[PDB]
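Participant: What follows is each chain in one-letter form.
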Amino acid sequence: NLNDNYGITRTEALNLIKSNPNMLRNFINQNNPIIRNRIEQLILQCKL
Amino acid sequence: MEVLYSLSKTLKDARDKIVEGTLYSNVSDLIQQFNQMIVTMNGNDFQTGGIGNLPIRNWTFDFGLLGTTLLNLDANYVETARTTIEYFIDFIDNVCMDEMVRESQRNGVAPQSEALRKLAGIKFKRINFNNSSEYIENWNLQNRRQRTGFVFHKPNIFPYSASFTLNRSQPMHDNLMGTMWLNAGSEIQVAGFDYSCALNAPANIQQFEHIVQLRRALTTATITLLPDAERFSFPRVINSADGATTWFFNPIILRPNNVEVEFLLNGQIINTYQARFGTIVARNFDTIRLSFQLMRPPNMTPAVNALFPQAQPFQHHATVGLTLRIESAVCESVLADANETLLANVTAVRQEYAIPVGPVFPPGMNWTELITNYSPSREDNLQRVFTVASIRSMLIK
Amino acid sequence: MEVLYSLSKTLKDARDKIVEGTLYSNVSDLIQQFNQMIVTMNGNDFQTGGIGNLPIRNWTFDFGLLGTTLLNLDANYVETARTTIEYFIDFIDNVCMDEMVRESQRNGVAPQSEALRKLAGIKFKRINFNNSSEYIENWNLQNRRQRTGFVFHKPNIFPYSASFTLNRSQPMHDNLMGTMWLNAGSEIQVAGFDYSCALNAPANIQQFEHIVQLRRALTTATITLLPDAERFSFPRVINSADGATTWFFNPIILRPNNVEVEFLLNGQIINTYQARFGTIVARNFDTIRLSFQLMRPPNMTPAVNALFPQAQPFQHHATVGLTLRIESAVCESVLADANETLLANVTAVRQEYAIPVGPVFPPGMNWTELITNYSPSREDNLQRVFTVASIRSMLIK
Amino acid sequence: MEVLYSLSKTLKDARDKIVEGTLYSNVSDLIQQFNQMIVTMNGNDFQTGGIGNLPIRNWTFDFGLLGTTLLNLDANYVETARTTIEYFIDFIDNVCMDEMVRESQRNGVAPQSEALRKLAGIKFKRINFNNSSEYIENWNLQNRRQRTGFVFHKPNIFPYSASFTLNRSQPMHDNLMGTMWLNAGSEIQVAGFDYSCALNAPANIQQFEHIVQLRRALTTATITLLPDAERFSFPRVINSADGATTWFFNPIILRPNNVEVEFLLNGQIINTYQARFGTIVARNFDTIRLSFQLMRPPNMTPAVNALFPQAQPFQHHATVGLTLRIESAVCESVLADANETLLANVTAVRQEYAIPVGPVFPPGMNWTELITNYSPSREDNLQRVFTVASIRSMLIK
Amino acid sequence: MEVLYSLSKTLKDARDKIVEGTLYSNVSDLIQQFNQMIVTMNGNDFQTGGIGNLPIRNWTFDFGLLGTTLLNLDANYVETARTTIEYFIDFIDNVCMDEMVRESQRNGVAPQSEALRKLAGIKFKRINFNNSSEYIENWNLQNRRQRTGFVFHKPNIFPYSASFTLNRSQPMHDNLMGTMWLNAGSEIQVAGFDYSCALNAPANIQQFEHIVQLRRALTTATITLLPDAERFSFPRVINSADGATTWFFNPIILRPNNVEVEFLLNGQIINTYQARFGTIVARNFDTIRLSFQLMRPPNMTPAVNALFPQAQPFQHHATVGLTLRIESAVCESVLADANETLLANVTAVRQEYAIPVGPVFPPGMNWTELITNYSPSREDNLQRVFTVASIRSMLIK
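Residue numbers (PDB author numbering), protein chains in the order written: chain 2, 728 to 775; chain C, 1 to 397; chain B, 1 to 397; chain A, 1 to 397; chain Q, 1 to 397.
Be a bit skeptical, because a hint or two may be false.
To be verified - Derived pair list, reagent style DSSO-like, types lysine-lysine, alpha-carbon separation capped at 30 Å:
(1) 17 (chain Q) <-> 154 (chain Q)
(2) 118 (chain Q) <-> 12 (chain Q)
(3) 12 (chain Q) <-> 397 (chain Q)
(4) 397 (chain C) <-> 12 (chain A)
(5) 123 (chain C) <-> 123 (chain Q)
(6) 123 (chain B) <-> 118 (chain A)
(7) 118 (chain C) <-> 118 (chain Q)
(8) 118 (chain Q) <-> 123 (chain C)
(9) 123 (chain A) <-> 397 (chain C)
(10) 123 (chain A) <-> 118 (chain B)
Hint data in this document are derived by calculation from the structure and do not stem from the laboratory.
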């Protein structure tokens with residue numbers, strides 16, 4: 728979804744695949760809805 | 001068959017352009033091609049019909065060429081014309097009906113109905129006028145095989161199917177969980193439900209999934225995705241899966257949270273849309289994998305609290321729905337629509353004469369059964385009859 | 001009016017084909033047609049309007065012919081052609097509006113709007129270009145005695161009506177039985193209901209029937225039939241038939257078993273389908289007869305048993321429904337559609353200038369009351385204004 | 001862009017009309033146009049792509065003119081036609097994709113895609129063939145304004161927005177009164193609810209009003225208005241306005257009385273209807289004001305009296321709703337529909353190649369956000385890409 | 001494809017007839033054919049492969065003619081002819097290999113392998129030499145649509161199936177009755193077994209019936225029918241139907257008495273044989289009924305009396321059986337055999353290069369799954385690949 732809609736560069740895409748905190752925090756700083764939604768989904772999954 | 005379409009097109013253009021008072025410059029080329037049609041169809045006798053109740057009828061062609069000296073059409077010209085065009089249209093209509101009714105299992109694309117087999121001969125190649133209609137040009141591409149495409153408004157790709165699955169069940173049917181769906185025409189209405197409101201589910205989240213397998217992959221489709229499926233949002237009683245007893249359930253509709261829609265092409269995740277309602281689009285897809293969740297509401301007004309108890313009774317049953325309308329699509333194979341009158345024409349021509357059931361098509365051309373099993377021979381015959389119905393509908397509306 | 005369609009055709013073709021850089025061979029015949037139109041229309045005083053708020057307009061033509069000595073069109077040519085074409089397009093717009101805003105009880109197919117009478121004159125027959133569009137095709141085919149046909153996507157054949165018939169009632173309204181229905185647009189939605197859940201019915205099977213009587217026949221209609229009519233599947237407080245009190249309705253939705261749908265023409269069973277939901281076909285039908293059965297479930301979970309008692313109270317009312325949508329049909333008489341935009345066009349042209357309510361059409365051109373009684377004169381006038389609206393829409397939007 | 005459309009039209013007409021056995025009189029003009037196209041494109045070099053994954057390609061044209069010394073076309077002619085036309089079609093497809101994938105916040109009408117920019121020179125005006133399609137015709141008219149309009153079937157003019165307002169409320173949400181609505185695509189469904197059934201309203205009548213502000217004016221619209229908003233006629237639990245808690249909702253559907261619908265343009269009422277259902281029209285409207293009322297029924301059967309008490313509890317909540325479908329309309333600017341696949345093609349072309357989000361359009365061509373914020377720059381870019389997709393669809397499907 | 005077979009035929013004839021010392025009288029027409037072939041094939045460039053691991057190969061033909069002056073062939077002629085012939089044989093081998101690895105869901109009988117598609121053009125039609133082999137003959141007939149026939153020795157019409165039905169069952173499986181069968185290749189081995197040896201049966205005769213449905217109708221088939229099915233005439237331990245437990249089968253082989261075989265075409269009697277073993281003929285048939293009887297012996301020596309008691313245990317288990325071989329047959333559609341090697345060739349060619357599992361065929365081209373579902377599309381593709389493999393076998397083994 729993210730690559731198809733928000734066109735990403737090779738470097739950012741590769742680092743997201745590698746789960747690089749640098750690019751993950753960069754994307755959250757950009758505040759894009761796909762990443763925001765997924766992170767909120769994980770935090771919700773932490774409900775216990 | 002391209003010859004048959006050319007005959008239909010030139011007869012239509014004769015009916016339209018050859019009118020009283022028109023300039024001859026407007027119809028010079030048309031009259032020349034009409035004369036080619038007349039002269040190349042002279043002498044060739046044709047036979048049509050002899051299946052079902054469709055009557056055997058014999059056609060013979062001996063007509064005079066339309067005049068060309070006239071610089072402005074008048075009553076005499078047009079009435080002699082219409083005398084010719086009436087007979088020609090009758091011939092074309094009977095040929096189209098006949099080719100619709102007949103069927104074949106091997107070599108379905110090729111013509112049946114010896115009238116059309118003879119028309120496919122090389123003598124009748126000089127009638128080819130132009131192949132501009134969407135159906136005839138897709139047919140030409142298939143013959144010249146390349147990437148064909150039909151634009152369908154609201155295709156009835158989904159077989160009719162109303163059903164459910166229970167992932168938790170017991171003979172009392174007092175505490176259930178599962179999914180329940182209708183696929184009909186261009187609509188998927190899928191509702192997951194749980195009586196306990198995800199009480200003992202992990203994180204108070206009950207996952208639901210639904211996989212709908214199309215038979216042909218739709219290209220560049222626009223899809224309206226909404227929440228809260230309607231048909232599964234009112235209290236109803238449903239026969240058990242075995243069919244012995246019946247179980248009642250009383251929906252309370254809930255927000256479907258973190259809903260996801262995946263569009264797949266042979267297990268190939270081609271599109272994914274997460275928590276995005278409204279209109280969406282799929283590039284190319286053969287399966288639709290919907291997923292959603294029933295989240296127990298963490299905070300509750302006393303009304304909803306009494307509505308959802310922690311005890312056993314569960315007098316109201318939580319549900320979450322989704323509704324998926326394929327508003328438009330592009331499909332390689334031929335399909336019926338809400339905007340086209342090809343399936344209706346073929347079925348009417350079959351029924352009006354009571355054709356015996358074919359070796360290929362289902363009895364009565366019931367679309368649900370025709371599309372549930374849509375093997376390539378069936379597809380080929382369907383394309384043939386649909387294209388013949390386009391050719392006929394050009395003249396006999 | 002064939003002359004009017006000819007003028008609109010050639011003017012749209014002139015606004016299209018005559019552009020910068022086109023070869024002259026692309027537009028030779030069209031230029032000849034345009035020159036013939038100019039020569040015929042020169043020195044002719046036309047008048048338009050004079051009704052309601054349409055202002056009187058006078059039209060005079062002294063225009064030069066379009067030249068030919070060139071070998072590829074350039075800017076200046078299209079400038080002069082544009083100067084002529086805009087004026088002609090305005091003239092056609094005003095003539096079409098004037099003809100749409102008029103009616104006639106006697107001879108409704110003949111032309112009103114004296115400009116169109118003058119166009120119908122013998123001199124202007126020289127302009128008749130061709131008759132290609134579906135509406136002018138049908139106009140010619142019905143001006144002669146032939147069979148016409150208009151293809152419609154979701155035709156609003158049905159006049160809007162929501163109502164109910166109670167086959168059993170009493171003042172407390174605590175034990176009712178009957179049917180409710182909504183006919184609207186191309187939707188039928190009929191829901192039979194029984195408060196006793198066929199407890200006392202013979203063999204515990206209550207038979208509901210609903211007969212819908214189209215105002216005009218339809219041909220080769222694709223029909224989406226589904227069970228469980230949605231809009232009568234939820235609680236309501238319905239006024240009584242006479243309007244004295246209001247009675248409560250509280251559905252629990254069963255399944256309509258052995259549904260049967262008979263499509264009848266002139267009172268003979270043209271088609272019949274039993275327990276076959278999904279897409280179906282009606283080749284010819286002036287009425288639709290739906291007949292479904294609310295069967296009390298023989299076996300029953302304790303929950304459904306609690307819902308349905310043997311005693312009087314009946315706090316939940318058992319219902320079974322059917323939805324029936326005419327997706328696409330064919331009719332010999334003009335109708336409004338979801339696709340076409342002619343009813344809106346004519347109504348807008350009338351009420352923009354506030355034309356007085358005439359004799360034949362209802363006040364405000366409301367389709368419900370136009371089709372509730374659809375006499376031959378009203379049909380003729382509707383066809384005339386619709387075809388003229390198509391003529392207008394060829395140019396003006 | 002007119003040149004690009006002319007390329008596509010001549011290639012489509014070449015692929016269709018140039019078929020075996022067709023008379024040269026049928027295709028003389030088309031052959032002349034094709035030869036002009038060949039001579040103009042000959043001895044040139046174009047480059048296409050270089051954004052996202054759409055890869056760079058280079059096009060070079062050295063093709064011979066089609067023959068002209070033949071009275072009746074044969075097979076060996078159509079093979080040369082193939083070898084030319086297939087290459088030309090591929091070139092046009094890639095030009096259209098390249099033009100679609102680009103953007104510009106400023107002067108978006110002028111072509112991006114240096115290939116198309118080169119095509120917009122002076123050497124290529126000689127290819128201009130004829131601009132017949134709706135999109136190209138409106139392109140010409142808009143680029144030199146005459147009044148224009150695209151006719152749309154069920155246009156998704158609203159953005160997906162489902163929400164609710166409470167005119168009366170409590171923290172425990174026992175006694176509410178307000179409205180809920182869902183605007184999606186061409187559907188407005190609005191239901192006003194009162195938990196006390198207007199017990200303490202003035203004259204036992206509660207007034208509900210809903211305003212819908214179209215982002216762009218619609219003209220000659222056809223609107224199907226019916227009562228009983230479907231989506232808000234079953235029980236639900238809804239997250240609160242703040243989101244802290246959830247409140248129960250349990251409709252009992254009363255009818256909406258003295259419903260008024262006002263279609264306004266620029267603040268003044270253009271059309272108004274009262275208690276009119278079924279199909280209606282809207283001449284030229286920018287906003288819709290749906291006013292309706294919840295009247296407590298004066299006479300009440302024992303069941304409804306039990307439903308509606310005078311004390312606070314209110315186990316059942318009265319509601320009255322409306323549904324409104326814009327079946328078709330005419331818009332000066334462009335919108336997506338349910339009949340046209342232009343938006344789907346644009347989005348698919350961008351998605352397959354993963355174009356970086358540009359200055360103007362939203363991410364992934366999200367139509368909801370795009371119609372929510374529809375500034376003129378965005379409108380111009382949308383019109384450009386839509387007309388380019390219209391050109392592309394004439395050849396590639 | 002006819003041209004491909006002609007290529008193979010002329011190469012085989014060249015390699016068998018252009019040998020040292022042979023007169024020109026014996027090879028004159030062959031030299032003429034080969035020279036026509038050379039003149040046609042000169043100056044062309046074919047590409048073969050690119051699917052799976054079959055390597056790409058480019059073939060270019062520039063070969064001089066063969067001499068037509070020598071009275072009696074000598075050495076040098078043979079080496080020139082051979083250096084041409086090896087290249088041509090390699091070309092045809094690779095064309096056939098690449099053709100056998102490509103399927104087509106639509107239009108199976110048409111060629112694939114762009115090299116072969118090029119060969120199917122108008123240029124290469126002068127290579128048509130001779131169409132003599134059975135497979136090319138039937139290919140020509142089908143393209144010339146009419147009756148076709150392939151004669152087979154041991155045709156494997158029967159998909160592999162080993163299975164049993166029990167008409168009397170207990171959880172202990174102590175007293176069973178029913179039938180078992182192995183259909184495999186061209187063998188039907190059926191065995192009807194009763195544990196009670198027909199104690200309570202009507203007249204001490206137990207009736208057994210077994211119906212076998214060929215997926216394609218066979219014709220003029222010699223069938224050898226013997227009693228005493230071998231594979232079900234010794235101790236065995238068979239798992240229950242669901243697989244839960246296992247039961248014991250301890251045969252004693254009574255005679256099969258008043259047996260009766262019915263060969264049926266489309267549900268009517270075509271042949272019947274009663275108590276007739278050895279060699280029989282099925283004229284034309286699509287299904288087989290094997291109906292026989294386990295008749296208790298009325299007279300028994302004490303050994304047999306001890307074998308079959310009236311009591312509970314039933315140690316030894318009476319049974320009868322039939323064996324039915326289809327020694328040869330004729331089928332209208334192509335099938336695998338034990339004489340031909342075409343299935344082996346195609347499967348080997350796919351396995352050698354590891355072609356990905358294609359649209360139509362099952363994985364590994366296993367004949368049991370291929371024939372259990374033998375759809376018309378599969379039949380088209382199977383005929384194509386079998387014909388190509390038969391063409392290849394003319395040169396390569």
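Participant: For a quick check of understanding: which of the numbered hints are violated here, in increasing order?
Facilitator: 1, 6, 9 and 10
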